[PDB]
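**Q** The chain contents come next:
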Amino acid sequence: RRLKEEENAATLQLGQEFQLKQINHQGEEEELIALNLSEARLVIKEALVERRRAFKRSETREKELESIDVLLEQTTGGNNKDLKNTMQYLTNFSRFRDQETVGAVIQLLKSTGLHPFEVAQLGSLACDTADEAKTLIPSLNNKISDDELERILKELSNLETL
Amino acid sequence: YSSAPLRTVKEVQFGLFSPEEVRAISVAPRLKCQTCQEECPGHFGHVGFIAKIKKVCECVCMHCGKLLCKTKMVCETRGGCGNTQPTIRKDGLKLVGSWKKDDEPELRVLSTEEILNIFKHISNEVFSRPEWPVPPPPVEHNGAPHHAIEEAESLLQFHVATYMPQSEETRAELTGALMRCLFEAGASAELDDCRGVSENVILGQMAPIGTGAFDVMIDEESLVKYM
Amino acid sequence: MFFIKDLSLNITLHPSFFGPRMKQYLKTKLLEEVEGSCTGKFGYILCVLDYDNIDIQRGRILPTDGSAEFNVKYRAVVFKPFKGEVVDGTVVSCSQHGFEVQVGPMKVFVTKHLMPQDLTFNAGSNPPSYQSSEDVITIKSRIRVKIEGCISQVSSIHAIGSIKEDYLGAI
Amino acid sequence: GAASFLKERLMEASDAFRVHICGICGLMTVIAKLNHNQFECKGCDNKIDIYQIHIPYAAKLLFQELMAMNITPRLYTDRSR
Amino acid sequence: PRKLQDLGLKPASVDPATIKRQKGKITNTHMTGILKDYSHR
Amino acid sequence: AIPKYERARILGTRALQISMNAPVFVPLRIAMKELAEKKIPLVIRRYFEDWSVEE
Amino acid sequence: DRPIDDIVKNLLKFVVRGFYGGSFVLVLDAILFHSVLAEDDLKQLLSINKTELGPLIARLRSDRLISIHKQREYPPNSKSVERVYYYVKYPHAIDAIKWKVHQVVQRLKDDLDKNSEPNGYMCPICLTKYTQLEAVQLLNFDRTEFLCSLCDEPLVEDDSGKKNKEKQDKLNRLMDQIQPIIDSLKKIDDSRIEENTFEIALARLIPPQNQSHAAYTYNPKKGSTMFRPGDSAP
Ligand SMILES: [Zn+2]
Ligand SMILES: [Zn+2]
Ligand SMILES: [Zn+2]
Ligand SMILES: [Zn+2]
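Protein sequence lines correspond, in order, to chains D, A, G, B, X, F and W.
The authors' numbering puts the first sequence at residues 13 to 16, 20 to 73, 117 to 220.
The authors' numbering puts the second sequence at residues 6 to 33, 56 to 58, 66 to 72, 76 to 83, 93 to 114, 142 to 150, 164 to 188, 195 to 215, 225 to 233, 240 to 246, 280 to 304, 492 to 501, 1394 to 1400, 1409 to 1454.
Residues in the third sequence are numbered consecutively from 1, following the authors' numbering.
Residues in the fourth sequence are numbered consecutively from 1142, following the authors' numbering.
The authors' numbering puts the fifth sequence at residues 275 to 296, 309 to 327.
The authors' numbering puts the sixth sequence at residues 73 to 76, 88 to 109, 117 to 137, 143 to 150.
Residues in the seventh sequence are numbered consecutively from 2, following the authors' numbering.
None of these hints come from the bench; they were simulated from the model.
There may be inaccurate statements among the hints.
[What the hints assert, rightly or not] Label-pair ranges, simulated between beta-carbon atoms:
hint, chain 1, residue 1, chain 2, residue 2, range
1, W, 173, D, 16, 56 to 66 Å
2, W, 152, A, 200, 49 to 59 Å
3, W, 171, G, 117, 23 to 33 Å
4, W, 220, X, 325, 57 to 67 Å
5, A, 179, W, 173, 44 to 54 Å
6, W, 205, A, 281, 24 to 34 Å
7, W, 171, X, 277, 18 to 28 Å
8, W, 75, A, 244, 51 to 61 Å
9, D, 132, G, 156, 45 to 55 Å
10, D, 196, A, 179, 58 to 68 Å
11, A, 244, D, 201, 48 to 58 Å
12, W, 142, G, 117, 46 to 56 Å
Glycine residues also receive a C-beta, built at the ideal position from the N, C-alpha and C atoms.
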């Protein structure tokens, strides 16, 4: 008894597989995990080093990029071109390097109560004024005041590395 | 080679096309195939229910589409119009309704448009409705007196009615609409579980009889201990 | 956008791998088949997290094929582009029709009709580039783009970008 | 009770055909451009819910004949009841 | 009419389907007929 | 999964695996020998109850 | 004889003249001057044969600006004959006009909206239209041109980019030329119009000819419970 809403980031209509509420493999309800570029970079590299450690058992941008590239080749198999482009893109477009900086950013933005998608954009796109954020992220409209967004953006730039 | 997952038919859900779906399914050389440039299954393009249609008309009022049943000859105006339902008879490929006066009874022919309109007014909701595709290659505007239009419609209706061991496995070895046989299954939106031998034979999949009454899994607990 | 998604997959093992170490081959198949693959429903599946905790349910032997089908549950980071989202990337190709912006494992195509009227294509500069009074867009130039539409096929994703709106274009 | 032999005779030794079926509607109305690895069932506007099944060519003809007969045999790859 | 109402325009017509189509022996013998029946007042 | 013709299919199923260069822990004759010594790493999922061929 | 009837009559006359040809005006005006006209009488009035009157009556019936009524007649000294009468059903004509006007305006509005969208692409050889999104997945390995799947030939851009102002002008012209209909419809909606039938239409009857064969009367069969489609009014 089943037969035949277009996806739109601005309206927070992310589709069917990326709904706000998710069910993990344990059956426990969980909140959709959306990662900013800095958070995603840490997650990918942390998994790669752990994978490298398992296999063995059985900083400026240039040096980090080379270190990531060598690690990627060692701990990945064939058809890894997509991941190579991703790590290069992530390293050259992130805003927070260390885990402590990322942790502070998550703590800061978790008090806003916005959608997981919107908070990920905030930590992924650099903005100067609330007007720029509002036009770049339409979902923020009628959800957060300009004064609240202005202080958040200023604080976000405070913790930006270098 | 196809990238789509390979599955087995677990259910056959009979139904009936909606006019929207026929137009949506239709792709129109478009039926090398010009539609897929192929392997080509065949692309569609754009009489057995006369007794069912007659029964439905008798079982419901022919003006408001509200349930009355066949013997009833009054709407019993509960919401209703109060009109006296006619006695419907099947003549050729047409339905004729007769009204008894309050002195031969009045007679007229229930036009297919009238029947369709009434059926649309009647309150499976998804797969088969009372109101409800050119096979692929592998398989009134001006004048037109009523007599001419009626003859053309009759001819069109008549034409439509007329138109309607090679493997080691075998080497070592050596109640559903489909099982019964289909029009009735589509009308009732019959769901066939394909649990019988006939359904699997038709669909060319292993039957659940003999060597097929179970599944052979692979166990890793024994594999580790075998070395 | 990047996500962490709980996914499932149906891996198939040839009978040649039916040894006491078939689980190891399943992990290798999962990495060599899923990582880098573009699933249009879930996006570019990038990396697999918890590589030592993948769930391998009991396999099922196909009737005639002889292989064993395994239902594998894993956690992976997947990049899914959405229309109306703002992304940053480096231009990789330029042409009269438009230029391509590389965003992670995805490429965003910006057509002429989606560019401001001020920008004009010019092949005189080597390589060819789009020149405007305020700046010039060419290969290796950082661009901020807004995805105006995505066509997610079964195993392929393509998007069209726009830079006409305010606060977009070169950074 | 030789199911494997029965399937081989019906399919391997006779007409065996592979078709693509939409996951929303069970009809075999999926346009599969396999060269470019693209599938689409126009009518459902979907491209990520396509399954492929192996059925006898006679079965494919019977369903298409039923389809041309105003009968919708919707093959489904999962159970409901 | 239904489509017009949904579109927000007042329809001047209506669906035709909504239209509605609409003793014991008398001992007093010799004087049975002359008298009229004044049942009510 | 309830907590804890078959011979024909198991022999044929393992015979196909052996013919496809599967490891031998002991093609139809090889499968029969494995069954005799209880070295067929398969479980029959009777329709359900899973029963190991060894037991 | 309320002014509402005159207003509706003006709306019908303007609609017929503006959206139909010449002979259509002749046919509908005759049934507007005469409440009900027989088929034979209408032919004599306009001096047009059956074939010419065919398309006119059929087209006007399709848009429901006119209604038909068939009844059996029993002339005193002739065989029974089924006669045809034409008359205007105002509630249906107004509703049909309102919906048709809305559809035309909506269609032009949709066309104007669509034109502002990106042009697209089409293949010169096979004449297959590719959208901007669809063509972006067909570009060759060199990222130079879009290649048709069927022909493997470079695609060519679509036209209609410069027609943006043309559609707006077309929409402006229609609304300027359709203002009388909107004003008439507003007045009609303000008041209420009773449904018209053959019997009611006969009241405002002006006989066309001295000795017309058709009898402009209505004598329904006594005690006939039979009901025909589209033959009843509130
Ligand atoms: Zn084809
Ligand atoms: Zn009724
Ligand atoms: Zn479909
Ligand atoms: Zn072409």
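**Q** If a hint holds in the structure, say so; if it doesn't, say that too.
**A** Consistency of the hints with the structure:
Against the hinted window of 56 to 66 Å, the Cβ-Cβ separation of residue 173(W) and residue 16(D) comes to about 39 Å, which falls outside the hint. Taking the beta carbon of each, residue 152(W) and residue 200(A) are about 58 Å apart, inside 49 to 59 Å as hinted. For the hinted restraint 23 to 33 Å between residue 171(W) and residue 117(G), the CB-CB distance of approximately 25 Å keeps it satisfied. Hint check: residue 220(W) to residue 325(X), Cβ distance near 35 Å, so the stated range 57 to 67 Å is violated.
A hinted range of 44 to 54 Å for the beta carbons of residue 179(A) and residue 173(W) is consistent with their spacing of about 53 Å. For the pair residue 205(W) and residue 281(A), the supplied restraint of 24 to 34 Å holds, since their beta-carbon distance comes to about 31 Å. Distance hint check: the CB atoms of residue 171(W) and residue 277(X) are about 25 Å apart, consistent with the given range 18 to 28 Å. In this structure the supplied range 51 to 61 Å holds for residue 75(W) paired with residue 244(A), their Cβ-Cβ distance being about 58 Å.
Distance hint for residue 132(D) and residue 156(G): a CB-CB separation of about 29 Å, inconsistent with the stated range 45 to 55 Å. The hint said 58 to 68 Å for the Cβ distance between residue 196(D) and residue 179(A), and at roughly 60 Å that hint holds. The hint said 48 to 58 Å for the Cβ distance between residue 244(A) and residue 201(D), and at roughly 57 Å that hint holds. As the Cβ distance of residue 142(W) to residue 117(G) is approximately 30 Å, the hint placing it in 46 to 56 Å is violated.
Comparing the model with each numbered hint stated earlier shows that hints 1, 4, 9 and 12 do not hold.
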